[PDB]
Structure formats: structure tokens, C-alpha cells
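Engineer: So you can see what is in the structure, the chains are spelled out below.
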Amino acid sequence: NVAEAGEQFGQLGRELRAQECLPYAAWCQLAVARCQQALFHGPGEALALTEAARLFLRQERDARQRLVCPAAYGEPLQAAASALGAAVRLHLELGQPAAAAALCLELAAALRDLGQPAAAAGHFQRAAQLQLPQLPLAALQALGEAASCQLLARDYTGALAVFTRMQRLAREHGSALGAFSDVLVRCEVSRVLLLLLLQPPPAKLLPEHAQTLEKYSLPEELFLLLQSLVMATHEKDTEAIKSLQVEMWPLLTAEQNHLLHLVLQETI
Amino acid sequence: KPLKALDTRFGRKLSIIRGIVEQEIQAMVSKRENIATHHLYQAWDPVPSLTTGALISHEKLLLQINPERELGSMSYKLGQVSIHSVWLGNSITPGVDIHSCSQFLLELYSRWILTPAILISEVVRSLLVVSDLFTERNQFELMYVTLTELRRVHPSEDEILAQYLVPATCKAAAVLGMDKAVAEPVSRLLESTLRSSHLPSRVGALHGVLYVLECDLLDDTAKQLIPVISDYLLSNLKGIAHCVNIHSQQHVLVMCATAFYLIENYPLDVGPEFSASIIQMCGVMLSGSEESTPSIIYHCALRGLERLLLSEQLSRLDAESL
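The listed protein sequences correspond, in order, to chains B and A. With PDB author numbering as the guide, the letters of the first sequence map in order to residues 42 to 216, 258 to 299, 314 to 364. With PDB author numbering as the guide, the letters of the second sequence map in order to residues 2530 to 2579, 2583 to 2626, 2661 to 2680, 2688 to 2895.
So here's chain B without its partners, still in its complex pose:
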């Protein structure tokens, strides 16, 4: 009775995907989820909710990326958020947090793409807290994406907090091994750039910041140039910082180039 009706809604959803409208095939996938909530299935209801989530996010990728609509105002963003909220609650009720973390990563990558980085920071930190008991390297990559989202949205102190958390969780699990050392290199560059951008008073300067600012005041070229740039911003010598930005530009990625541009800006 209910399963044949769910197969009928699945055929309707596939016909509507062939017709390629997609606010209304997702309504059929929500109907499939409701039908498999009528009996007790588990992960299939989660599959129907996530397929509905894919369809609403594809509707807004058609309504804000391929067509930058001035009339677009986020109507299936909210339905995709409610559907993935129901799916994450279902995975936390059944007991598998890796799938719920994957859905939070997908929702936050979608909100990073649509031009809203704080809620991406958001669900990325949520997924990175959902992956710390089981998969810490995936948690470090989720926190790295959260930190990139916060450097997009201009929340630099949150980026300090996330970067120190990443370095601490990389030292607890790297004793490095591999990509934990890449996590450590990215953190040991970008925390120094963020401690030079906002210069903290010694009250709010945590002892980890004290240890790394004692360490500087990772390959040898960029380490030498970071020591020279800390020594140049403590002395406020602008021509040296200019001749360093000319020669640290190929060595850094674009987020570190933005942070080094901001350090060179707010000292002149």
C-alpha cells in the first residue's frame, strides 16, 4: 500500500526530473520521505530527504549562479535547510554521525557558494564537532573550510580561534605524519598573519600566541621571510614590508596573500 505509493511518487519525481522543473520533484521526494516515515525504514527516508535537498539546492544554483536574479530571494534555501535539518536529526537518532556531518558539509558548501559565509562557518564548525570522536582529519579539513569562510566574511578573531583549535587538534593527532603537517604549515603561517593584522593586548593574548610570537620574533625561505616581516612590523619599517610583499607573493596562497595585504595595509 504505502510502498507502492512511494514507488509511484518516485516515478513522478523521475518524470519531473526528466521534465527538469525541480521545485516540485523535490515535493515528491518529500512525499517519499513521508511514506517511508509511515512505516519504519531508516536510511531510505534519509535518502529521500537528501534527494529533496539536492533538488532545492539545484534550484538555487539555477536561480543565483547560472541566472543572477535580482528577484531571487532564497525560498528553497529555507526548504533545503529544513530538509537537511530533518536528515541530520534522523542520522543522529539512528546513531551514525558521519552521514550527518557529510550533510552539514554539503549545506555549508552550498551556502559558501551562494555568497553567505557566516552560516557556512556555521555548519562547517558543526560538522567538525560531529567528526572529532571518529575522524579527526576530516574534522581538520572541515575546520579549515570554516576558517576560510570566516576570512571571507571578515571575522578575523573567529579565524584566530579556529586556527588555534586546528593547530591543537593537529598536535594531538600528528605526533607530523602527513597532511597533519600541511595543516600545521597553513596554521603556523596564517596565525602569524592574523596576529600581525589584529595586534592583541597581553590580556587577551593566549599563551599559544605567546609561544609562536616568541618562536618567530615550514621551509626555510618562507620561515625566514615571516621572521623578517614580524621584525619589520614591530619596527614599523614600511619599505621592508613592501619589498617583502613583492617577494612573498608567489610563496603564499590567495588567502595568505589577502592576509598579508591587510597586514601591509593597516600599518601604513
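Treat each hint with caution, since some may be false.
[To be verified] With a straight-line Cα cutoff of 20 Å, these simulated SDA-like cross-link-like pairs (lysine to any residue) come out:
(1) 2609(A) / 108(B)
(2) 2560(A) / 193(B)
(3) 2609(A) / 2893(A)
Worth flagging that the hints you see were computed from the coordinates, not collected in a lab.
Fit chain A to the supplied structure of chain B, relying on the hints for placement.
Structural biologist: Using the frame of chain B, we list chain A on its own:
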């Protein structure tokens, strides 16, 4: 509205100091969609004067921006044209020719409504979106008539049509005089759509509540169907008291915005325990950690709380709690 607490010999210094504070808040917090360059003094609100006039400076509209909006974000967000502006821009109170295009659109969408379900959904969404540009009361009359005809003809088990239809019917009713033959099906519609399972149906119904509650001196029997919304607001502030990162973002934000509007402009219609419970739940909302309540929810709820403080309505004990 522009406040009563300003324009005094005391209030001007307060406007100066909070201009400095909110100026570097919008340097820190805000989202530079207006702004391309990097400069500090770039605060800019596109609110015009009101037969249009010049543009109002940012230091003059201190707390005029609605709490539905992220700080300095620029996008269509269902609250662009207030019905203050509908009533006093075009003089109706109960250089492109945009008017001819709007008439031709009402002809087209009235003929297409009276076609698959997808076109009907997109046409009603189109009609609600284009509904900012209507400059004649007869256009809103035709809008409300065609939407009630669609409500009578089209079936009820289509909630996507509902979430694109409810703010359009509520705004078409709100521009018109809110008479009993209009107020009964609109309030019945809102009381029905607030019980649904689709979440932007709730969001659109609550924006429609904000359009209905906006400016019309409202019927004494129809204002007794307000506390359904008040019970809804009590339940969904008690539910989203502790955790905000789990539930949603724009629902809570628009919901707190209309809660603050109901505290501000309709005091006597609801009990003082309601405003006290909102101040308590928002004190809980501000007291969350940096990962529980997001920055936009924090700043919008906070801006609504000092909006209520600069109004002369609240009692002194709730002021001391704040």
C-alpha cells in the same frame, strides 16, 4: 517610523555617539554588497526620501532599517516597499513608463490564472515580486480578486503555491481597506497556513502577518485573531531558546522581527507577559556562545531590543532587565 526619542536637545548627542558606534559596526560586521572599494566611510542605505526625491544619508536613518535584514546586505527580502510607501507615494489611503508594463502584466497573469501547476506557481511568485511597482489601487483590487479566484479554483494540497501565494494575498489585502469581507478569509488563510509542515510556508505566512499588521487600523474582531500568532511566537521562542544553530536562520530572524514589531506598535492587544517573555528569551539568545547563536541573529535581535528601548512604550522593570 522615525522615533520620538530623537530631535531633542539630549537626543542629538546620542545620535552622534551611536552613529560612531554603528559606523564601525558596519565597518566590522557588515556585508559590502553596496560597496566595491575598501574605505572606512562607506555606510550607505538606499532608502529614498518620499514624485520621488533625493537619497537619505545613513546618519539620519539610525534605526529605520527593519530587523529582517542582515547588516548592510542588499537583496530582495520580502520587505522592500512598506505600505506606508504604498499609501503615501501613490496617494491612495482607505524615465520608463512602468505603469503600462504593470497593466500588461496584470492582463497576462490574470488570463493565465483564469496551464500547468509550475507556471501557476511561478506566475503567482512573479506577481508578488512585481507587486512593488503597482501605482494604482485598481491594480491591487484586480490582484486580490484573481488571487481569491485562484484560491477557490486550485486545490489545497499544493503547498508550494501556498508559500508563493500567501504574502501576495496578504499584501493585496493590506493595500486595500481591511474590511470584514476581506479580513475573514485572509485571517482564516493565515491561521490555516501557520499550521503547515513546509517551512517557507510559515516564513511567507509570517511576512504576510507583517503586511497585515503593518499600517491599517484594524478590525476589533480581527485583532482578536492576533493571539494565535502570539501563541505561535511563544512556542517557537521557547523551543529555539537554547539552540539556534540547529533549527534554522531566517525563520527565527523574521519571527523575532515581527515579535519586536508587535511589542512596539501594538502594545495593548497582547498581554505584558508576552513582551516580558520575549525580552527573557532574547536575553537567553544574546547569552549564547559564539558558535550557538550566529552573528546575524545576534545583531538583529540586539538591534530590535534597542529599537524597543528607544520607543517610549516599555515599562521600567523590563528596561532594567535589558
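Engineer: Against each hint, give a clear statement of whether it holds in the structure.
Structural biologist: Evaluated hints:
no.	hint	in the structure
1	2609(A) / 108(B)	18 Å, holds
2	2560(A) / 193(B)	10 Å, holds
3	2609(A) / 2893(A)	34 Å, violated
In this structure, only the earlier hint numbered 3 is contradicted, and the remaining ones agree with it.
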